[PDB]
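Undergrad: Residues per chain, in single letters:
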Amino acid sequence: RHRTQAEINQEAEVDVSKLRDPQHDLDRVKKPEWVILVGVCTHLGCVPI
Amino acid sequence: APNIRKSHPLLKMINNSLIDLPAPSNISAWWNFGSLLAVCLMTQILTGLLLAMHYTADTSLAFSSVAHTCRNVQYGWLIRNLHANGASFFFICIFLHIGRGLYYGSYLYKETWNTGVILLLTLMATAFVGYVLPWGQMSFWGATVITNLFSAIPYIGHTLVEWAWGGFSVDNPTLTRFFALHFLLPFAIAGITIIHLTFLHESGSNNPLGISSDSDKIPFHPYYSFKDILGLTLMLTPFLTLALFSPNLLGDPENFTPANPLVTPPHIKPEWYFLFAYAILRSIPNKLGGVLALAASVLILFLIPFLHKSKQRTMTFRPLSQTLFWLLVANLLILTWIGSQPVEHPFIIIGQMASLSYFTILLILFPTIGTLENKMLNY
Amino acid sequence: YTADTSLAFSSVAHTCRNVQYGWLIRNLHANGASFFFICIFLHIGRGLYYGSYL
Amino acid sequence: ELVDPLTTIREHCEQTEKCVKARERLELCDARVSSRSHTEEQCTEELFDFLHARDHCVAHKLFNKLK
Amino acid sequence: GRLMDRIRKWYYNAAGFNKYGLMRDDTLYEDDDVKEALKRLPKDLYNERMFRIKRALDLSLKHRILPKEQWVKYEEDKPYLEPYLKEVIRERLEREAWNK
Amino acid sequence: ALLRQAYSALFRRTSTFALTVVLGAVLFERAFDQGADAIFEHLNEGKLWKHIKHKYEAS
Amino acid sequence: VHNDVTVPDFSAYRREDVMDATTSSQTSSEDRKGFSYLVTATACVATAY
Amino acid sequence: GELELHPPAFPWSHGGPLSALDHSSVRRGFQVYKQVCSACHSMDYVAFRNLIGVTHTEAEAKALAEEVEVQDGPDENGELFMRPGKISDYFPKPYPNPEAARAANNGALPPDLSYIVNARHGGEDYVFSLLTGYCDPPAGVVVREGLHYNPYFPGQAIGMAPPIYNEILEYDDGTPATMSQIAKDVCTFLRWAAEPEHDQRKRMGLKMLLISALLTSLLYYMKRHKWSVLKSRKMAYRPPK
Amino acid sequence: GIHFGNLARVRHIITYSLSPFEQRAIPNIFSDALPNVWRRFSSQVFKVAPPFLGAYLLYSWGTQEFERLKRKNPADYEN
Ligand code: HEC
Ligand code: HEM
Ligand code: HEM
Ligand SMILES: COC(=O)CNC(=O)CCC/C=C\NC(=O)c1ccc(Cc2ccc(I)cc2)cc1
Ligand SMILES: CCCCCCCCO[C@@H]1O[C@H](CO)[C@@H](O)[C@H](O)[C@H]1O
Numbered sequence: 099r100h101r102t103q104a105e106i107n108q109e110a111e112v113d114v115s116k117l118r119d120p121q122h123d124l125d126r127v128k129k130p131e132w133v134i135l136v137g138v139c140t141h142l143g144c145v146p147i
Numbered sequence: 002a003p004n005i006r007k008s009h010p011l012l013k014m015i016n017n018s019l020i021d022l023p024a025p026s027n028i029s030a031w032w033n034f035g036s037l038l039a040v041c042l043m044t045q046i047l048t049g050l051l052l053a054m055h056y057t058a059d060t061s062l063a064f065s066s067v068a069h070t071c072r073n074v075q076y077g078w079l080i081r082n083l084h085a086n087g088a089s090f091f092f093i094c095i096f097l098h099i100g101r102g103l104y105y106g107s108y109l110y111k112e113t114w115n116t117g118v119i120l121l122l123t124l125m126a127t128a129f130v131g132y133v134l135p136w137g138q139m140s141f142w143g144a145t146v147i148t149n150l151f152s153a154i155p156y157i158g159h160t161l162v163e164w165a166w167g168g169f170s171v172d173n174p175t176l177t178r179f180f181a182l183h184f185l186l187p188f189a190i191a192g193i194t195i196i197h198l199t200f201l202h203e204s205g206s207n208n209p210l211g212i213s214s215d216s217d218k219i220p221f222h223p224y225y226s227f228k229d230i231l232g233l234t235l236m237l238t239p240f241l242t243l244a245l246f247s248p249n250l251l252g253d254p255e256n257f258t259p260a261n262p263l264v265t266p267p268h269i270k271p272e273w274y275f276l277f278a279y280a281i282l283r284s285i286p287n288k289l290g291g292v293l294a295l296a297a298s299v300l301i302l303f304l305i306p307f308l309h310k311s312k313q314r315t316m317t318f319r320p321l322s323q324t325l326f327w328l329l330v331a332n333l334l335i336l337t338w339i340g341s342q343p344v345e346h347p348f349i350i351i352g353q354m355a356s357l358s359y360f361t362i363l364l365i366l367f368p369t370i371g372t373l374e375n376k377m378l379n380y
Numbered sequence: 056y057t058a059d060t061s062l063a064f065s066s067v068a069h070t071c072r073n074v075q076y077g078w079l080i081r082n083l084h085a086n087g088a089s090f091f092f093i094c095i096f097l098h099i100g101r102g103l104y105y106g107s108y109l
Numbered sequence: 012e013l014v015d016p017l018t019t020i021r022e023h024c025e026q027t028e029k030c031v032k033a034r035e036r037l038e039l040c041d042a043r044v045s046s047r048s049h050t051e052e053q054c055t056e057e058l059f060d061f062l063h064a065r066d067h068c069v070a071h072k073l074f075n076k077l078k
Numbered sequence: 010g011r012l013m014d015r016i017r018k019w020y021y022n023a024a025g026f027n028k029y030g031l032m033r034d035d036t037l038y039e040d041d042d043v044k045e046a047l048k049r050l051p052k053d054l055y056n057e058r059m060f061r062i063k064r065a066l067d068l069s070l071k072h073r074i075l076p077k078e079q080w081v082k083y084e085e086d087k088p089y090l091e092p093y094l095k096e097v098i099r100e101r102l103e104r105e106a107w108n109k
Numbered sequence: 004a005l006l007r008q009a010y011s012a013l014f015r016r017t018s019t020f021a022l023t024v025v026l027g028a029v030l031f032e033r034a035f036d037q038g039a040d041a042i043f044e045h046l047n048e049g050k051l052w053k054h055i056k057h058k059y060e061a062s
Numbered sequence: 001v002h003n004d005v006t007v008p009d010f011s012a013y014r015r016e017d018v019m020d021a022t023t024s025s026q027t028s029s030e031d032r033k034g035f036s037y038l039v040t041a042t043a044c045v046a047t048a049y
Numbered sequence: 001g002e003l004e005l006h007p008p009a010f011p012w013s014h015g016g017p018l019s020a021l022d023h024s025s026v027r028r029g030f031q032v033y034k035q036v037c038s039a040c041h042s043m044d045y046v047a048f049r050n051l052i053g054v055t056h057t058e059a060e061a062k063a064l065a066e067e068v069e070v071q072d073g074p075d076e077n078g079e080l081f082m083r084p085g086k087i088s089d090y091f092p093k094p095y096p097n098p099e100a101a102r103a104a105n106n107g108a109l110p111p112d113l114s115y116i117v118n119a120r121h122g123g124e125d126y127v128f129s130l131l132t133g134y135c136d137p138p139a140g141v142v143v144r145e146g147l148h149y150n151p152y153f154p155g156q157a158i159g160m161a162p163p164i165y166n167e168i169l170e171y172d173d174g175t176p177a178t179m180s181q182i183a184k185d186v187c188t189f190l191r192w193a194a195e196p197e198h199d200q201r202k203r204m205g206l207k208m209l210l211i212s213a214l215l216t217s218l219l220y221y222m223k224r225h226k227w228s229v230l231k232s233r234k235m236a237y238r239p240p241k
Numbered sequence: 001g002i003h004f005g006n007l008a009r010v011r012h013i014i015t016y017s018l019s020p021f022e023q024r025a026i027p028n029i030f031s032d033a034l035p036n037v038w039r040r041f042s043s044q045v046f047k048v049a050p051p052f053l054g055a056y057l058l059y060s061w062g063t064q065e066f067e068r069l070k071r072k073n074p075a076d077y078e079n
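Protein chains in written order, with the deposited numbering: chain E, 99 to 147; chain P, 2 to 380; chain C, 56 to 109; chain U, 12 to 78; chain S, 10 to 109; chain W, 4 to 62; chain R, 1 to 49; chain Q, 1 to 241; chain T, 1 to 79.
Calculated from the structure, these hints are not laboratory results.
Careful, some of the hints might be misleading.
[Unchecked claim] Under the rule of at most 20 Å between Cα atoms (straight-line distance), these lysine to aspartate or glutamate pairs were calculated in the EDC-like manner:
1) Q/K231 / P/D215
2) U/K76 / Q/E170
3) Q/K207 / W/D40
4) U/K78 / Q/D172
5) S/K48 / S/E91
6) W/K58 / Q/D172
7) Q/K207 / W/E32
8) Q/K231 / T/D32
9) U/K29 / U/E56
10) T/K72 / P/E345
11) T/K72 / Q/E2
12) T/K72 / U/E35
13) W/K56 / Q/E60
14) P/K376 / S/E84
15) P/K270 / Q/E2
Using the sequences provided together with the hints, build the complete structure.
TA: Spelled out as structure tokens, the structure:
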């Protein structure tokens, strides 16, 4: 996914210590405008929309 | 010697369990579901084979084989209909057959009951796998969510799932082995049904008044054989009326789209008979919680026999319990509905409540009202 | 297995070649049949000789 | 050049009160929104409400005229 | 007080086992203690309990009840078993606590 | 009396009772089918291929 | 004593043809049965079809 | 678009629990499929033989099926060769695979229309309104380039160009090819195409209801008849005294 | 497998009943049948209906409240 700055910053400023899986938006991506992941809801497997 | 109906090691049985069988002169119509359930089983199995004789368990042909079966097989279409819905009619019947038991406390016949539970559990499982065979969008995504449920157990979790799918994600190996499962399970039901009934025959049937009936019993035949042939035709009418006049009422249409492991549909609902479960699993916002709540949501039946506190057997004479019973029924009706609805307000909170109230009526309100009741009779 | 002319044969080989211990599992089934018929055959002869047929 | 009984009755119905009442609500939404940029609002709702009432009406008659 | 007493009477008419002619103790579920008790019943009291039930059963089968004038009345309800039972139970309670 | 004649020559001998349900059902089918077919083909006049048939069946 | 015992009144439920305690119940039997048997026989046909 | 517009309930000539499809509107609907939809929409589970005895004569179908060249083979050298169509072939795919179709419709995949009528909430009621209901986006809605507006379609941005317009084709039975008149006939066809049994299904239903009425009553008798004995029964308790 | 005879000990009970062929299919449909079909309905509708009705309500509310939350509130666009 191609993320705009209209979103890239918004996802950087969020209490990083109150997730369920503690992580910063920076340790998951190399270059912000491109978020990439395996579309599998960790719950029970459906493809998240 | 004398008659060849009591000394024949075979004929004696059909006569020792279906004709001379002593039955309370007064069992109602809520006792009929027993047979129906049986006729229901044997019937599913017939349409089942007939069907299995044209299906082809393999992702690249599962869907198309079912259609070919409908379109090209003589009366195939009909044959599917009867099977597809029989499942419902089945779950319906089983549901009353369980309520009947709750109300009149048949659950005091522990063994006859526990087996019942196992039976339910198997039917539930059975329908699950059957539903996946047509390899539709739900079939898939259903097969994908349900099995995934076991992944909630820690350690042997993720790993147990693997056997199930026979892969690292749902694919052919899953389908084919499900077909095997589905083909097999019914027979196991028919088998346990034999234990179920066989346990019941040590004690005789319970009865609406909840008191000894030795003082007056009647031969299953022709009193109940006739009562049942009628019961069968009274239930058979609607079920045929649907499968002949509105085949798809109870069925989701999304499953008319070939499974696509890449797109999970937006409006995802399991078939009606799993909604209440669905609702509960969705009520608790935690992988494990939801599972557990689910697990217990049904596994609780095993407890009903130890949560009986009333000095009487049936509710017929306990208005308080009665109201609480009907409150529970309705409570269930809601949970179902809730399952039919998406995760949003108010639904989320409504769901959450109904569940709490379900578990609470069973675990605390019934045993509590039950005791109180006794003291009001002066016991 | 996959009952369908265009894949029947191949499924059995895939079962032998790719399924863990599949090959063994077939063997046992394939021959059990025989062992089965053998046994049954004596089980009948036993019957004939000692007239269990009564 | 012939007339599709649809567009003929789609006309007729747009006269029913329900229709106009909603037709107007839209006309108005459309206006305030079209004449303002750096918004968020959309006139879908209003529109549906309209199409809803309209077509529902179309539904009762349309088929009489179709073959 | 005279509350539980005006309550009990209500509940009694509420449960409605009288409509069938059944005494309070006719509707008791027969566990092991009751069973035992019932066996200790004087010839007649038992033959009587019997009829009442075989009659109630006959009712439930026909789907009818007793005409208003034959129903049991809260105060005319004879607890013919309660005493025999409390004894069985009292007896049992002993054997149990004594086996320690 | 029909019922008596009925009970005498039919419903009495278990052997002929059966023989009746058989020859009986027979007629019933034959007849019933016709009716339902008719009640149906009638409720759907001019919509069945059996009705449209002649517009293309070159004859 | 076995003398103070008599069969109650089953007139409420008796079939009209045998309600009068002075007419042989044997004339009106052929019918009473032919009928119930006709219902039966018919049902059997319905099933068969 | 958390919001959606649901379709109305047209009184299809075959809606009633005893109403057969309009075997004429179906023959037309077909033509509409054959002359318009069959350029983007596949019909894999239907075949020319299915038409016989339902909308077309045997002779017609043969010809119908011969208007297409199908891929049979291999021959004796092992080459795939084209050949005229036989009644036994299914309706031809407009594309060789979804990958292709997408590419020729702007990444959008025009779904096979065999079971379409039963795969969308609303059925023929929905399919009708989608076809007719095409219109302009209301205030504040921008439809991506290549997509058209349609209030009836979920998301309102449908990748299908409005397929029909008056006279777009011309029925051979002499019927006013108005937009709806077509959309009515094609939607009617889809139904038949989706569940050909339909007719024989309702005919049986009737028969069932009739036997089921008769037989249920006939048994209400025989159940009571036998039970009477226990219902009329009377008992009395006569002790010694 | 025999249960008939070993059941219970009963004394002094006389029962009389009549052949089916001697009595009526279904009798007193009006002087006895219906009037009882009612009684039953009457006595039970007050334990059953309540919670069902209770549900119905809750269903409509939940549903009505949901469809309501879908509509748009002008107070967000009058600015
Ligand atoms: C120009 C190619 C084209 C033709 C010809 C065409 N369609 Fe389509 N159709 C499409 C496309 C593209 C879609 C997919 C829309 C999407 O998913 O974005 C589609 C989708 C559909 C859908 C609904 C898809 C959904 O998700 O609801 C239906 C129904 C349909 N078409 C019917 C018809 C009918 C009827 C005709 C013939 C009378 C027809 N189409 C002719 C291109 C076409
Ligand atoms: C395939 C599964 C089942 C079938 C075919 C079946 C069949 C029967 C039959 C034939 C009877 C006797 C007649 C009757 O009372 O209805 C019976 C009784 C009974 N069954 Fe089931 N049963 C099934 C499932 C269950 C389930 C899921 C329960 C509940 C957990 C259950 C509990 C009982 C009990 C308590 C009785 C006692 C009846 C009484 O109270 O007299 N059964 N069953
Ligand atoms: C235990 C009772 C049974 C139940 C509860 C049941 C239920 C179902 C269900 C839920 C489906 C999916 C139906 C659908 O496509 O809408 C199905 C499919 C199928 N079942 Fe069963 N079934 C039963 C027994 C069997 C048996 C005994 C066989 C034969 C071994 C069988 C063969 C099939 C076949 C071939 C399908 C796939 C084709 C189809 O979906 O129509 N089933 N069954
Ligand atoms: C008839 O089959 C179906 O309804 C299966 N299909 C679907 O559920 C379609 C939608 C799939 C998505 C979610 N499903 C669930 O969350 C779901 C959760 C619990 C259950 C009950 C159940 C548990 C174990 C077992 I083992 C069985 C049942 C059933 C479904
Ligand atoms: C001489 C024997 C001829 C057998 C022909 C079998 C063809 C079955 O013909 C059937 O006729 C029915 C008429 O009611 C139709 O409703 C069915 O759809 C059709 O398949």
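Undergrad: None of the hints should be skipped; say for each whether it holds.
TA: Now the hints, each set against the structure:
Distance check on the hinted pair: Q/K231 and P/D215 sit about 18 Å apart at the alpha-carbon level, within 20 Å; holds. Only pairs whose Cα atoms come within 20 Å are accepted, and U/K76 paired with Q/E170 is accepted, the gap being roughly 19 Å. At roughly 9 Å between alpha-carbon atoms, Q/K207 and W/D40 fall within 20 Å of each other, so this suggested pair holds. Of the supplied pair hints, the one linking U/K78 and Q/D172 holds, its CA atoms being roughly 14 Å apart against a limit of 20 Å.
A threshold of 20 Å between alpha carbons decides the hint, and for S/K48 with S/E91 the separation of about 13 Å falls inside it, so the pair holds. For the hint linking W/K58 to Q/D172, the alpha-carbon distance of about 12 Å falls within 20 Å, and the restraint holds. Pair hint Q/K207 plus W/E32 holds up; C-alpha atoms about 11 Å apart against a cutoff of 20 Å. Restraint check for Q/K231 and T/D32: the C-alpha separation of about 12 Å stays at or below 20 Å, so the hint holds.
As the CA atoms of U/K29 and U/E56 are separated by approximately 15 Å, the hinted pair is consistent with the 20 Å bound. A distance of roughly 17 Å separates the Cα atoms of T/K72 and P/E345; the hinted pair therefore holds under the 20 Å criterion. Of the pairs offered as hints, the one joining T/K72 and Q/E2 holds, with about 11 Å between alpha carbons and a cut-off of 20 Å not exceeded. The straight-line distance between the Cα atoms of T/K72 and U/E35 is roughly 17 Å, inside the 20 Å bound, and the hint therefore holds.
Of the supplied pair hints, the one linking W/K56 and Q/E60 holds, its CA atoms being roughly 12 Å apart against a limit of 20 Å. Annotation: proposed proximity of P/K376 to S/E84 holds, straight-line Cα distance about 17 Å (limit 20 Å). Taking the CA atoms of P/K270 and Q/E2, the gap is near 18 Å; set against the 20 Å cutoff, the hint holds.
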